[PDB]
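Sequences and hints are given; from them, build the entire structure.
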Amino acid sequence: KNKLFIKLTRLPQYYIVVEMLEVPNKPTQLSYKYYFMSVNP
Amino acid sequence: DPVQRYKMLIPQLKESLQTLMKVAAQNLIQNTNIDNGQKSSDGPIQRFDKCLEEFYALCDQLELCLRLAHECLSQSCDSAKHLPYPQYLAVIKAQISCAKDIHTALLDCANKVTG
Amino acid sequence: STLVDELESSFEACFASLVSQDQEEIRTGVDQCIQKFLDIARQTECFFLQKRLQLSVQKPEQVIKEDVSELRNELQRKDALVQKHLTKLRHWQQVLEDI
Amino acid sequence: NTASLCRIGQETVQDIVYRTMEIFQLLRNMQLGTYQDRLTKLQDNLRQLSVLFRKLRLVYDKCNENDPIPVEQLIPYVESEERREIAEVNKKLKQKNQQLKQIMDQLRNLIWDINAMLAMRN
Amino acid sequence: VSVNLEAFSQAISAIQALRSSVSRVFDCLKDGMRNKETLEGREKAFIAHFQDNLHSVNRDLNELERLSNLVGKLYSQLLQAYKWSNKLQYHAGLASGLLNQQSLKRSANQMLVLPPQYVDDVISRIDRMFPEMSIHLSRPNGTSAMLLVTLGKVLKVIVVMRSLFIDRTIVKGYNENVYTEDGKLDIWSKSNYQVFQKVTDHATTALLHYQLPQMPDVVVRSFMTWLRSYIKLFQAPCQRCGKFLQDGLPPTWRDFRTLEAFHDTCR
Amino acid sequence: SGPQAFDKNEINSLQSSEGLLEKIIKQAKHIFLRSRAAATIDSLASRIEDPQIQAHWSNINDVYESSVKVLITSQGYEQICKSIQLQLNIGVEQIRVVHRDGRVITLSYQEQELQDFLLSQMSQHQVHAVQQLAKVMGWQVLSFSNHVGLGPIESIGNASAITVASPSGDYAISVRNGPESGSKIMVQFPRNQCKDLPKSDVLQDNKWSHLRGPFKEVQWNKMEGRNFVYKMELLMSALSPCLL
Amino acid sequence: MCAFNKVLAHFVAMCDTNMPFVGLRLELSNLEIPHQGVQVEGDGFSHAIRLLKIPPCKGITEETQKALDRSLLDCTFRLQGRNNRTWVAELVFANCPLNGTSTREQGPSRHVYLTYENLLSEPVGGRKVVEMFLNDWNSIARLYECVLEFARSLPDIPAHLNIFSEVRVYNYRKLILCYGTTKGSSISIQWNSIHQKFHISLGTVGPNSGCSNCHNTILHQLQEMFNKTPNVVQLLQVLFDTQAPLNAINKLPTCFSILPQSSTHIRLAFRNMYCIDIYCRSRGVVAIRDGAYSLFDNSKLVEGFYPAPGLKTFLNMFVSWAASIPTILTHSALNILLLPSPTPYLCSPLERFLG
Amino acid sequence: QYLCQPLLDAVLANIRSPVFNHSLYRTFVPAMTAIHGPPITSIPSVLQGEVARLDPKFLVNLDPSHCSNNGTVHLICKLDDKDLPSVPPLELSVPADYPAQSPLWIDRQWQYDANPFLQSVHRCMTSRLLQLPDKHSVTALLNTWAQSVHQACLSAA
Ligand SMILES: [Zn+2]
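Residue numbers (the entry's author numbering), protein chains in the order written: chain L, 535 to 574, 582; chain C, 55 to 136, 155 to 187; chain G, 42 to 62, 69 to 146; chain E, 29 to 60, 69 to 102, 107 to 119, 136 to 178; chain U, 7 to 79, 103 to 140, 155 to 310; chain Y, 408 to 651; chain V, 634 to 887, 903 to 967, 1168 to 1192, 1202 to 1212; chain W, 615 to 655, 673 to 788.
Because the hints were derived from the structure by calculation, they are not lab data. Yeah, the Cβ is synthetic: ideal placement off N, Cα and C, and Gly gets one too. Take these hints with a grain of salt, some might be off.
What the hints assert, rightly or not - Pair by pair, the computed Cβ-Cβ distance ranges are:
hint, chain 1, residue 1, chain 2, residue 2, range
1, V, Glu738, C, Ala162, 55 to 63 Å
2, L, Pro546, U, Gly195, 30 to 38 Å
3, E, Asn178, G, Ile111, 53 to 61 Å
4, E, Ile170, G, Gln70, 56 to 64 Å
5, C, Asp132, V, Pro788, 49 to 57 Å
6, C, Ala162, U, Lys112, 16 to 24 Å
7, W, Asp712, G, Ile111, 37 to 45 Å
8, L, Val573, U, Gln257, 46 to 54 Å
9, Y, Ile432, E, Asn57, 54 to 62 Å
10, C, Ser130, V, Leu794, 38 to 46 Å
Claimed, not checked - In silico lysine-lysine, DSS-like type, Cα no more than 25 Å apart, as pairs:
hint, chain 1, residue 1, chain 2, residue 2
11, U, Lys241, Y, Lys489
12, U, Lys134, E, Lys91
13, G, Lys112, E, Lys150
14, V, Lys639, L, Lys567
15, U, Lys241, U, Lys199
16, U, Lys286, U, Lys241
17, U, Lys116, C, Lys165
18, U, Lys112, E, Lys77
19, E, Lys91, E, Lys77
20, U, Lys286, U, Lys196
21, Y, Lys476, U, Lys241
22, L, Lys541, V, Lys639
23, V, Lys807, V, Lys699
This is the structure we're talking about:
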């Protein structure tokens, strides 16, 4: 539920989705996951 | 007048086109009926060439009228672009002399560059 | 031959439609004259830059001489600016003293 | 010397094109006393341009008089008292620039203080 | 008027086209059928060319008729000078445009002080044109002139100059109080809405964009020309997405040199 | 407020007694933030000499606002390269940046943000200078990417790139400038001019010795010039037909 | 200071510079133009789409297609300009048929740079970009046909044309011939695939001519004669014939109205009543006539022109209804008959006759 | 159509007569010639284009073995790059009528054994080959080969 949708504006229908997750041992670091969504209600 | 002459010349132009196309078809059908083996009446065949030059004469009248009117209207536009009659002649000789001055300045210095 | 003279000839060719004794004729003539004019101008600049490059690789003391001259002009220009500013400051001190 | 003559020759070609542009602007604005003033400006511009052409042919002949190394041998691919004069003038205007920075900072601060104090009076 | 000039030149070319197309019909019929390998192919080619020529004659006649529907109505030395003046003016316009698009000037170096009366004359000259813009100069702080440009019932722009060169701009809405308590201009404020803060940002890019080095009259005139295009806010749609609203914003970007509306997200 | 009907916001704005301490602390915050911004701009003007950087503070301030105009031009080409200009609006705890090309960026009160921002702007200037210089010298701008996406990852901001072509074909020049790893610049020769190029037996015609197949890299120090754009102009003139 | 997150900025920049090529790859594949894929080009910091074979063409010979497809080397597409939506295709040709007096006399690989920008609707790689590219390639083909014929005929040319005109510019998109004895006038031929015509455009470039091209009165019929038969040597012959008559005719006052009929058939009309035909012909000969008469029924007269009495005798000096038959001249007697001499106000001889 | 129809009916009635152009000549040439005056005054080169534009990583040469100067052609490439490791040479079989079809990679499973690293090269290469669009070039094969070598360097370490 902690994500960020970055829409590209020069070409819409394209999103880069950043998902932030907690690294288990380090409590003061984050881990990022980058996805590439496309979209056509 | 030139607009009204133009309105005069348009239906004459359509008439000449109609007669030219129909007479072309008549002469071609007669010549094919002689060339292929066919009977055909000689009749009032009404030559093609006169219709063709008549159409060209109408187009000359049209282009003549339109070139005249276009020259007249462009003339009036630049005339408005540029009250005693001697004051008119004074500013007219002023304008002619000034344009002559610009032209001779350009010519003399474009020659002063080389040759 | 001798790019100066082609520059002169093309520059005189830019004016050839005016000095003698509608729109599209003027447009194509202007475009062709101006394009050849700018092309020979760029070739002349290219020649001067190539000659400067050969001088800067062969005879580098001249470059250092020009740098010496430019830094000296920078010094004199800075001193002129500060002198004008200082005179204006002293005039404004004499103004603000009198209130 | 000659490596500043090349600079002057570049500047002449840069000035000729700009001057022709100004000439064409003058011919654009000329509407058939200010008639005579535009005539004078046109003739003076044309005079200066002819001077520039003569100067350009001079600079061309001077640099073309004074090559054993062809170009494209001059680019680095991967695989003495005048130097002291340079260092002297460099140190000199280093000090001059730092003093100019102090003058500029004090002027900035005085302007900011004047504007703040005068802004609060209302 | 110029529309009669254009319609007459148009119909001149229409007559020339009609005459040449009729002669082209009869010339292509003079030559007769060509060879063209396939017999079916040669028949097709001849029929197609004849049909195209006939259609072109019909189109030219129709265009002449349409122009007919739309038409409306020592001395030689003066006309020669008139023609040569218009020729020189058009020639100089084209050559000046081509040359100032491509300048070779690299630096100003080789080898601001103005009367406020001149600023007032310039800005009143701009205020005389654009009848929907009213510009009201005032000088509350020294020689730096401050301008209120109202614009329709849409905008109030506060322009802060410095020696006849625009420095800062702030765009506020119509109702918004641009005055302080004492009735002076509020030079330092924002406009409570998203739209007008976006237009302040676009106006700052506009004053950063229209920069001639020396002559400042073209700068202020071009800035007011660009600013005049904002009168169609809330009415123009975006020329990229068609809609009016992206994230609840009207198209706030009037593009320089072609004053078209865009949402700034649509660049 | 009664007849000329006011909203909540105007009513609260008329009646809002802000104490002296908030006003004085906001003024001192703006003074300190403005002094830090002036210090970072002057430190970049002292340290970095490669593009240049200028500043023009405005005449008129408030107690909570000032403004600059930052140019970044190369040294001897101030008419060509006028494409990166900024305006910073130094508020109380924010610096609001308006670019020339419609990009609005709000920084924070730290002085590392403004330093990294102006470093990335100098890096983009080093490419826009070459684009507007190839405009002047007649060279043809093949490709231009303001923030390139291939290669090593740059720490401060993205990297820019062009590639231009010589007006008579043959040579090409590619620049890739980045804020931390600057100026990998490399020419492209035609074939039949490298001569260390290992030829292949598939090409049996001589027409393919005119395409520009090879790519060598220019060592940028030891190139003559006291500037970047000066060095680019000398490099562009070197790859022209030797007119003499 | 690790507060920048360099990886996300890199991924966003990578998507925004790479993803314009994907739509172009799809629109190229829908029109079945063979291409190597989206590749990193040379240095690492770029991208390109190189075509392999542009689809032949429509409506040109197979000799021209075999001569095109053996002269092309490369047709890369690159993306440039701000917003990253300006394509530039770099065609490079080998074996150019004819050089120019502009100094493109170098090594025989010419580069043609086409540039396309789609609108802000219809995205960056669309049908429109490839359609514009195919129209530009079609233009290059349909002018390359004429240039092939002209460069073939160039060694065996009628040798007065060889003094008359030299080639200034061949870009593969235009052909700018510069003609005149002093090489002061210029035609420019270019295929225009909106109208699917050729466009002949006339200009004066060079410091000896009139204030106009002097072929601008016959420009429409020149364009039509070229579109009927696109041959450059025909065009040079027509210019070589009609230059010396038209240069005299354009110095007439305007009273005198110039209606060009078909090319080499200028027809003058004094005021409205008087007409005179002019036929430029070969070898410096112009045949003039009476105009108002017929070429058919001699008794009948043309609709708007009244016959000029005594015209034949006046023309004979320079050399009933017998004005209707033509009377040839020299172009020098045409110069004398039309250039304004003072009287044996500076009027012409001919307008003195008709006056 | 309108104002032009009877000409069209005459000419479309009289096509396929061998004396047709005689009839057109006799009815039209005297009018026109009176008014208008008299008449007028080994290896397919697509592969050379690909090979001439390749990166200097690849070193594509023809096989000494195999049929030559005939329909299909056969290539033995190479790979030179400091970043990439030395790998088996790769064998390509380009058909005649090369565009509008996809070249084939001559598989040599036996040399891609005898190491874990070359096995990873081969697995990743067959994967990207399945991922390829149809009618790809030669350079698509060569670039999937170089990317496969790079992935097999990264996956290993
Ligand atoms: Zn939009």
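Now for the hints, and whether the structure bears them out:
no.	hint	in the structure
1	V:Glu738 x C:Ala162: 55 to 63 Å	57 Å, holds
2	L:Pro546 x U:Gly195: 30 to 38 Å	33 Å, holds
3	E:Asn178 x G:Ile111: 53 to 61 Å	58 Å, holds
4	E:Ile170 x G:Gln70: 56 to 64 Å	58 Å, holds
5	C:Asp132 x V:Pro788: 49 to 57 Å	51 Å, holds
6	C:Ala162 x U:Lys112: 16 to 24 Å	22 Å, holds
7	W:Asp712 x G:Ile111: 37 to 45 Å	43 Å, holds
8	L:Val573 x U:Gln257: 46 to 54 Å	51 Å, holds
9	Y:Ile432 x E:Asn57: 54 to 62 Å	58 Å, holds
10	C:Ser130 x V:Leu794: 38 to 46 Å	44 Å, holds
11	U:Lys241 x Y:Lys489	24 Å, holds
12	U:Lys134 x E:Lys91	18 Å, holds
13	G:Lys112 x E:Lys150	19 Å, holds
14	V:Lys639 x L:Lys567	14 Å, holds
15	U:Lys241 x U:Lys199	14 Å, holds
16	U:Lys286 x U:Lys241	18 Å, holds
17	U:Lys116 x C:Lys165	20 Å, holds
18	U:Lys112 x E:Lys77	23 Å, holds
19	E:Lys91 x E:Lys77	21 Å, holds
20	U:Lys286 x U:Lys196	23 Å, holds
21	Y:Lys476 x U:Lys241	19 Å, holds
22	L:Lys541 x V:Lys639	18 Å, holds
23	V:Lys807 x V:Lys699	21 Å, holds
Hint compliance for this structure: every hint is met.
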